[PDB]
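**Student:** Please put together the full structure from these sequences, using the hints given.
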Amino acid sequence: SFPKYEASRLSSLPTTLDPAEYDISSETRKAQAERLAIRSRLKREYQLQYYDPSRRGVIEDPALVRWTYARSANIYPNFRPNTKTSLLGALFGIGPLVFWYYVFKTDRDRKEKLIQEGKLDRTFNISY
Amino acid sequence: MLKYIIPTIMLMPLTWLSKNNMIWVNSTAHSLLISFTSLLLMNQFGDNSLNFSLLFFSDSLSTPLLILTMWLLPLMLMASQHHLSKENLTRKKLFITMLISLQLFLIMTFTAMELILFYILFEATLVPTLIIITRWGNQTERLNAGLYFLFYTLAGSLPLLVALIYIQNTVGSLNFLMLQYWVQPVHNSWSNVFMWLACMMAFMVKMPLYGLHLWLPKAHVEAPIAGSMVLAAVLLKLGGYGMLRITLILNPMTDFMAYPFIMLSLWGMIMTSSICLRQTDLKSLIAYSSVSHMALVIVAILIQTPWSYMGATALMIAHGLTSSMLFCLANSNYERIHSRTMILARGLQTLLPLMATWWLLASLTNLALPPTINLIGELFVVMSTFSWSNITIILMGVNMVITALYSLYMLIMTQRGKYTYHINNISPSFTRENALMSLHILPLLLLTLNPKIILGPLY
Amino acid sequence: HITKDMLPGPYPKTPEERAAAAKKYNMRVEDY
Amino acid sequence: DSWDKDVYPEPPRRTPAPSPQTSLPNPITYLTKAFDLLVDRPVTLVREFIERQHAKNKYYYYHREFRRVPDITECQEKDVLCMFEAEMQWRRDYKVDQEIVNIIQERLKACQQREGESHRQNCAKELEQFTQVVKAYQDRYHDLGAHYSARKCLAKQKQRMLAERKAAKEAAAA
Amino acid sequence: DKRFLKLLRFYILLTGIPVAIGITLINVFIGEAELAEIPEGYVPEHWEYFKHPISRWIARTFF
Amino acid sequence: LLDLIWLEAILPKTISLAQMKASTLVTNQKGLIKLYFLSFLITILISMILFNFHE
Amino acid sequence: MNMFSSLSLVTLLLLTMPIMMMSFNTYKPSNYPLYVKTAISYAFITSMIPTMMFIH
Amino acid sequence: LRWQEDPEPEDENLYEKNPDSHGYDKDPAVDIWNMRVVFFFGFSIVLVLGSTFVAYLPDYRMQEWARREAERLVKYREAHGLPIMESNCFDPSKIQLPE
Amino acid sequence: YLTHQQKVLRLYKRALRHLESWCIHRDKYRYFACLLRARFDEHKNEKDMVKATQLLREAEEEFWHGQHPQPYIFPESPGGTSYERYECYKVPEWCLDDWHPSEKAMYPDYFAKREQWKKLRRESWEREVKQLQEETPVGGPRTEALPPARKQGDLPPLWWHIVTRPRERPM
Amino acid sequence: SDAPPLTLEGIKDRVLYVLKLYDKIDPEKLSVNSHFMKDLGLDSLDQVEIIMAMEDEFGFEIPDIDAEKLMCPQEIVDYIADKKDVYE
Ligand SMILES: [Zn+2]
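Residue numbers (PDB author numbering), protein chains in the order written: chain A, 1 to 128; chain B, 1 to 459; chain C, 3 to 34; chain D, 2 to 175; chain E, 18 to 80; chain F, 552 to 606; chain G, 1 to 56; chain H, 24 to 122; chain I, 8 to 178; chain J, 1 to 88.
Derived from the structure by calculation, the hints contain no laboratory data.
Backbone N, C-alpha and C fix where the C-beta goes; we use that ideal spot for every residue, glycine too.
It is possible that part of the hints are untrue.
Said to hold, decoys possible - No farther apart than 30 Å at their CA atoms in a straight line, the calculated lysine-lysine pairs in the DSS-like style are these:
#: 1; chain 1: H; residue 1: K40; chain 2: I; residue 2: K97
#: 2; chain 1: I; residue 1: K97; chain 2: J; residue 2: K12
#: 3; chain 1: J; residue 1: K38; chain 2: J; residue 2: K24
#: 4; chain 1: A; residue 1: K43; chain 2: J; residue 2: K83
#: 5; chain 1: D; residue 1: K96; chain 2: D; residue 2: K6
#: 6; chain 1: I; residue 1: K111; chain 2: I; residue 2: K126
#: 7; chain 1: I; residue 1: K158; chain 2: I; residue 2: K137
#: 8; chain 1: C; residue 1: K25; chain 2: C; residue 2: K15
#: 9; chain 1: E; residue 1: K68; chain 2: D; residue 2: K59
#: 10; chain 1: A; residue 1: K111; chain 2: D; residue 2: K167
#: 11; chain 1: J; residue 1: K84; chain 2: J; residue 2: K38
#: 12; chain 1: E; residue 1: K19; chain 2: B; residue 2: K418
#: 13; chain 1: D; residue 1: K96; chain 2: B; residue 2: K452
#: 14; chain 1: D; residue 1: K157; chain 2: H; residue 2: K98
#: 15; chain 1: I; residue 1: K137; chain 2: A; residue 2: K43
#: 16; chain 1: J; residue 1: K29; chain 2: J; residue 2: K69
#: 17; chain 1: B; residue 1: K3; chain 2: E; residue 2: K68
#: 18; chain 1: G; residue 1: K37; chain 2: E; residue 2: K19
#: 19; chain 1: A; residue 1: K113; chain 2: D; residue 2: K170
#: 20; chain 1: J; residue 1: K24; chain 2: J; residue 2: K69
#: 21; chain 1: J; residue 1: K83; chain 2: I; residue 2: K125
#: 22; chain 1: A; residue 1: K113; chain 2: D; residue 2: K153
#: 23; chain 1: J; residue 1: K12; chain 2: J; residue 2: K24
#: 24; chain 1: I; residue 1: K126; chain 2: H; residue 2: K49
#: 25; chain 1: D; residue 1: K79; chain 2: D; residue 2: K170
#: 26; chain 1: C; residue 1: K25; chain 2: A; residue 2: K30
#: 27; chain 1: J; residue 1: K38; chain 2: J; residue 2: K83
#: 28; chain 1: D; residue 1: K170; chain 2: D; residue 2: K159
#: 29; chain 1: I; residue 1: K51; chain 2: H; residue 2: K49
#: 30; chain 1: D; residue 1: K153; chain 2: D; residue 2: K167
#: 31; chain 1: I; residue 1: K137; chain 2: C; residue 2: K26
#: 32; chain 1: I; residue 1: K14; chain 2: I; residue 2: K51
#: 33; chain 1: E; residue 1: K23; chain 2: I; residue 2: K111
#: 34; chain 1: D; residue 1: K136; chain 2: D; residue 2: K126
Stated by the list, open to error - Here are a few chain B residues that sit away from chain A, every Cβ distance over 12 Å (derived from the structure):
#: 35; residue: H30
#: 36; residue: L50
#: 37; residue: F52
#: 38; residue: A124
#: 39; residue: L164
#: 40; residue: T170
**Tutor:** See below:
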């Protein structure tokens with residue numbers, strides 16, 4: 001009685017229950033060899049200056065620069081006012097403002113009616 | 001006010017007539033004397049404001065803003081002494097002249113009795129500011145940040161000029177004292193809806209209002225350190241100061257015209273405060289923190305209650321010393337690693353023990369730790385808005401939680417954790433840097449002992 | 003120093019564009 | 002000697018007498034003797050010396066008295082030199098009345114602590130004044146906004162008077 | 018870090034100790050003023066409405 | 552979505568984009584006298600026939 | 001009351017001496033942990049005189 | 024190359040030539056003086072004397088004068104049996120209501 | 008990746024450790040530890056890939072169902088209470104270069120030796136870089152391993168940051 | 001932290017002291033260089049248990065990527081002394 005492990009976006013599939021880890025062919029083994037080749041080609045370039053004794057400063061990391069550039073400067077040129085963006089923008093953008101506007105107008109309209117009729121308690125209210 | 005205008009002008013001869021290696025010493029020393037003499041403006045009375053002449057006056061709203069403005073100038077000179085060292089001598093002097101020219105316009109802006117003399121100087125603090133951003137930045141984006149900083153402000157200011165001249169044609173004058181006794185109610189008509197929208201739009205761009213704020217993450221980020229300090233500490237308060245005055249002649253239309261801006265500010269608080277949670281740039285994270293803090297200022301000003309006005313004045317002063325400190329702190333790291341990315345240098349508390357203390361104090365003031373004046377002002381605006389509508393306590397509360405998250409996240413991300421291995425050029429903190437932070441934080445905490453001098457004319 | 007070719011760009015459509023992107027990101031043309 | 006005793010009333014003191022029904026020594030009394038000999042004595046001697054130095058050089062400061070001037074119900078429209086006089090007067094009164102409420106609040110707060118558990122019954126007099134002064138303050142200095150002025154206060158007063166003179170007719174015309 | 022803190026302590030106390038001593042002497046040997054009714058037919062100067070000696074000095078010299 | 556895309560897309564970018572398009576129309580001219588003067592005739596006729604500036 | 005009031009605040013002030021003294025470099029290192037411990041000891045006694053006066 | 028340009032200069036550490044540097048200037052003689060003016064004028068003139076000046080300001084916005092005046096009125100009001108505070112701020116005899 | 012032999016070796020150690028969590032007591036753990044080893048020896052000889060993979064993959068499912076919700080973790084192992092408890096003291100050694108000379112004179116012997124190591128590092132660098140340019144394939148390295156020193160007067164390539172690293176209990 | 005500092009002699013003794021308490025190794029043919037597979041005749045599954053007993057002995061965990069690569073009584077001493085920073 002071993003129920004399957006159902007995964008969610010917040011609970012990744014264990015590497016020991018993933019079928020891809022137990023049906024391995026020659027092509028996958030070759031692929032894993034060149035994943036380690038890049039992981040080893042990039043490592044040395046970091047090491048050839050990490051260990052350099054005449055180096056004082058910051059080792060520029062292009063991967064870091066691209067990450068920050070993608071988050072800030074490369075968003076608008078890749079923006080297309082398609083159907084998804086227009087609905088999401090109107091919903092997230094204009095939605096809350098219109099929602100809160102009527103939450104406060106109704107609350108203030110209700111409160112104004114009482115204060116003009118005397119049935120609102122303001123006995124000790126002299127700080128506003 | 002001539003006792004402050006002339007000495008400010010005399011710094012320019014001092015810089016241009018000093019020995020080549022004493023430009024910073026002489027300018028810094030005498031700019032500190034002008035700050036010392038600025039305390040003479042605290043002769044305020046409880047009924048009548050200090051009226052020097054037909055042109056200049058000084059009430060309790062502009063007195064702390066004059067004291068703050070004159071006190072940052074020595075701090076801007078200290079902050080600029082590193083990245084300008086390998087610069088031409090004639091260009092170093094011109095840089096200092098722009099800062100001095102900026103101060104000269106600011107101390108006349110906060111003291112102008114006429115609203116058109118105010119406008120001319122209020123709009124004159126764009127040439128010295130724009131030139132600093134564009135000529136003494138570091139990235140290619142300074143030029144595009146100058147254009148955004150320029151055409152956002154002018155697009156709002158020009159209608160204000162038409163509106164002020166229209167008011168002069170009808171009321172008879174734009175002297176602020178006269179307007180108090182000649183003010184008339186603003187009847188509800190489509191014409192007055194657009195007079196209202198021209199008397200408040202120029203100021204809300206500079207606050208800035210959510211939506212009209214895309215120039216702040218650009219200008220405050222791309223500008224030099226001195227530009228960042230003045231931009232985020234004295235130049236965002238021009239809109240706040242003008243609004244506190246221009247709302248005098250916009251009653252009772254402000255009762256219903258304020259909703260779309262109270263709603264943008266209240267909801268703009270959460271959005272801007274949430275962006276900080278996910279910023280890759282340390283300097284940009286601090287820039288958005290000003291949009292979230294100044295949102296309360298707009299809400300407080302608009303709802304027009306004696307408690308809100310007291311809070312807005314305290315918030316503006318408190319935000320001035322805190323944002324400047326954070327930019328200076330973020331600039332200390334930048335001058336070592338030459339990168340604004342917040343995840344590049346970590347664990348700096350292990351290498352800079354004292355500088356990590358300054359980070360804590362700035363962060364604690366930013367998240368409104370009581371009894372700092374960052375909390376007195378923020379507390380007052382919350383009390384005022386609760387009486388305005390009890391539901392606003394929810395939006396204010398959420399902002400406090402998000403504010404604590406991004407303030408400590410900035411501290412933890414850069415100071416704690418394991419230091420970056422390949423960063424081996426973290427020089428011990430200079431006396432200039434330590435003294436620069438001590439000049440921000442010590443005045444901020446001392447004000448907690450005598451807070452009455454920053455609560456404005458409603459005290 | 004980082005140049006234009008070392009920075010993220012538009013969505014890659016043609017297979018050659020995919021390979022250029024993958025090489026730029028230090029991935030494999032298959033993983034990317 | 003000290004603060005006037007009429008603004009801040011003080012109920013007469015009533016100290017129970019010591020009635021020791023135990024042979025053991027009382028720690029408080031022995032501690033009290035030590036405090037009055039190691040703390041109260043040198044403090045008194047130091048204060049007396051300091052007080053003597055004042056007697057040699059005695060100088061006085063006075064309480065500014067503001068001559069009453071015409072109020073905002075006597076200034077012609079757009080006459081600034083008269084409104085300015087009236088507005089400053091109204092501002093000083095606004096500040097003084099802000100302090101009257103504070104004094105009455107201090108009376109109410111002192112009563113609650115002084116009366117201890119029996120504060121609900123024995124602090125009704127102060128609570129009765131606080132309810133009346135606050136109402137008076139709320140009538141003349143409330144809902145005026147951050148840009149308050151003698152004109153706005155007058156406008157509120159007349160609106161209140163009109164409704165009082167209006168509802169009185171229907172209420173009184175039985 | 019130690020050197021800066023030493024300099025901060027030195028310069029804070031450079032004009033702080035004289036002020037702490039100066040304020041102590043002024044209070045001890047000059048004391049504050051005593052409230053009294055304004056004598057009839059007399060116009061006090063604007064700085065005589067303030068209690069502490071330093072408050073009066075500020076008013077008389079600068080304000 | 553709301554700070555790098557849409558708040559940029561409505562006010563700054565669209566306003567800036569339109570000015571570029573307007574600028575091209577005004578300046579994309581062929582430099583021929585025959586066509587410049589032909590427009591002067593249109594303005595004169597439009598002034599008198601449409602706007603009645605001659606009355 | 002004179003004794004109750006003075007000894008209630010001295011308890012609070014006594015706990016701030018180690019912080020104040022350590023700020024202006026007016027202590028001896030390697031003895032601070034024992035300095036703070038002793039201050040808590042005397043603060044405890046001073047807090048019992050108001051307590052006994054309340055119990056009475 | 025695409026042009027003739029200088030190389031990115033290395034940042035010069037100020038603790039190499041002058042290991043006692045305050046970080047102000049690369050000249051040790053002027054480096055100390057820039058430190059003295061900042062510390063003296065900054066800390067010993069503005070923060071110390073300025074705080075002392077602020078502490079002993081003449082009555083600021085007459086918040087202490089308002090107290091003395093209120094004590095008089097409450098005394099006079101209660102001594103002669105008058106309301107502590109009248110709900111009308113302006114005498115309703117110099118006011119001419121409409122209608 | 009990990010060979011099928013490696014996977015069983017890991018699943019054996021990990022299975023024992025979680026079993027130790029449940030049993031706690033040594034006598035109880037020992038009794039069920041020998042039984043657990045019994046279930047491995049019996050199938051330890053079969054050499055059919057389908058049967059080997061099927062047995063291992065099925066063993067993983069049983070382990071993930073019977074695992075302890077809160078297994079024992081060694082104090083300094085990842086996830087433990089004392090993990091990284093001393094990373095706030097591991098100041099890198101290059102920080103010593105910026106010490107003021109007035110405090111470098113408190114340790115005249117130590118900094119004297121530090122100069123020997125710093126000199127011993129400048130001399131041996133150019134040789135190390137050359138060695139990696141002659142033992143490296145055309146394109147680039149394909150494995151994460153460094154060669155040893157093949158001649159007297161040569162230290163292992165890329166040794167400074169593995170030798171001069173901070174200690175486990177710096178203070 | 002008020003604990004004895006490990007020594008090269010001490011680590012070696014305890015490692016041998018443990019292997020001399022395993023009922024698959026001869027306590028009189030065991031030297032500090034006796035291979036666990038060829039000079040002593042044990043399988044890998046018995047090698048996993050040896051590392052566990054050593055890791056339980058010294059109160060820390062040896063990673064699998066390094067546990068399987070250590071097959072000698074000396075490789076367990078040069079490894080532990082390397083992790084615990086023992087030089088004499
Ligand atoms: Zn630098």
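**Student:** If you check each hint against the structure, which ones fail?
**Tutor:** 25, 29
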